[PDB]
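Take a look at this single chain in structure tokens; it is the form deposited in one PDB entry.
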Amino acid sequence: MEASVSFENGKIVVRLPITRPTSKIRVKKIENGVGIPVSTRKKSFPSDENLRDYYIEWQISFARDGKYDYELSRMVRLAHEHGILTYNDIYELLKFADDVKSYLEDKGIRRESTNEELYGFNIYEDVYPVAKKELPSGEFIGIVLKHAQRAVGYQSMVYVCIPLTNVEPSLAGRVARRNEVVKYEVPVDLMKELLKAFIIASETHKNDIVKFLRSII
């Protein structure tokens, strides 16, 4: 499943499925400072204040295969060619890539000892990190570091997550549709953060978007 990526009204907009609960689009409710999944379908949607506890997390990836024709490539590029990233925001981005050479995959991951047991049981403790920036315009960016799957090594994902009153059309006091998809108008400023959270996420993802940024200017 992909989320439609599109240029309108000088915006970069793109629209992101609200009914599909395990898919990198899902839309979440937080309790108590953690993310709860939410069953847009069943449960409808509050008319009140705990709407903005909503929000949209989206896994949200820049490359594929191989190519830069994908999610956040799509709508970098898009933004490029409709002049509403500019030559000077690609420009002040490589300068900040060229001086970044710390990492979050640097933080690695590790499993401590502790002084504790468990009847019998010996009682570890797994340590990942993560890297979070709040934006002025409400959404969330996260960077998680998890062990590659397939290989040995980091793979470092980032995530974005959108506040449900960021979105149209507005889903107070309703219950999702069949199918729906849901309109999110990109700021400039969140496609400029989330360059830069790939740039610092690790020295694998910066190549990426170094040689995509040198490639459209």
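Numbering follows the first chain given and starts at 1. Take the two forms, find the largest set of C-alpha atoms that superpose within 1.5 Å, and that set is the rigid core. First, how it differs from the form deposited in another entry.
Shown in the overlay between these two forms, fitted on the rigid core, is a CA shift at residue 117 of 2 Å or greater.
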Given for the second form:
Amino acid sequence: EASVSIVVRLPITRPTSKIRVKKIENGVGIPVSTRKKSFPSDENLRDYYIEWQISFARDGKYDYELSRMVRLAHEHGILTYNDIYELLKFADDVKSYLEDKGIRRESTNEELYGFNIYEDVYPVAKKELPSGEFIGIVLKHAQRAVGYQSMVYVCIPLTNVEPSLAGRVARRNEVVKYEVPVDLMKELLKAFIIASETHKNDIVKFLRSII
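Shown: the form deposited in one PDB entry; wanted: the form deposited in another entry:
Chain alone follows, minus partners and molecules.
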């Protein structure tokens, strides 16, 4: 698990967790064995990033990861009253969500040696922030039943993270400190707001709880 201080502490040596270090190779993120291969010391270090599938709530109660960040920052004045207003007014005007895009199987007129060829289109929402972080919203078929489930990711470059790991392997159970910018937390909220009405309704009544 990641501990939240505002600041968070993310482990580097758990590629099977929701927090995993990846490296851009041939355009796709691939898992990195941070303990058998030394991190590059040059410009390639920008191609490395931590992928954190961030969650909003736990136990149906609002104090885990993102929800803990946001309210810690209101209690510290980091988020003004009007931050939460315009976050909610933004939610009040949001009609469509990535869930509304859904997952479709489009039929092509192609036949591969007797096999009919189709295409599955998956909708993805992506936003880049000036400091280098990326926010990803992906759609997946609900494993429990009919419908969709939306999931939010935060991609943090290893250059935005200290101690700098250039020219060495990771430490055992290494946990590294990342200062959380203010507008990442609010763009993360907006990410949940535009993911699904289910996510927005929970973000909406969480912001109302402290405003």
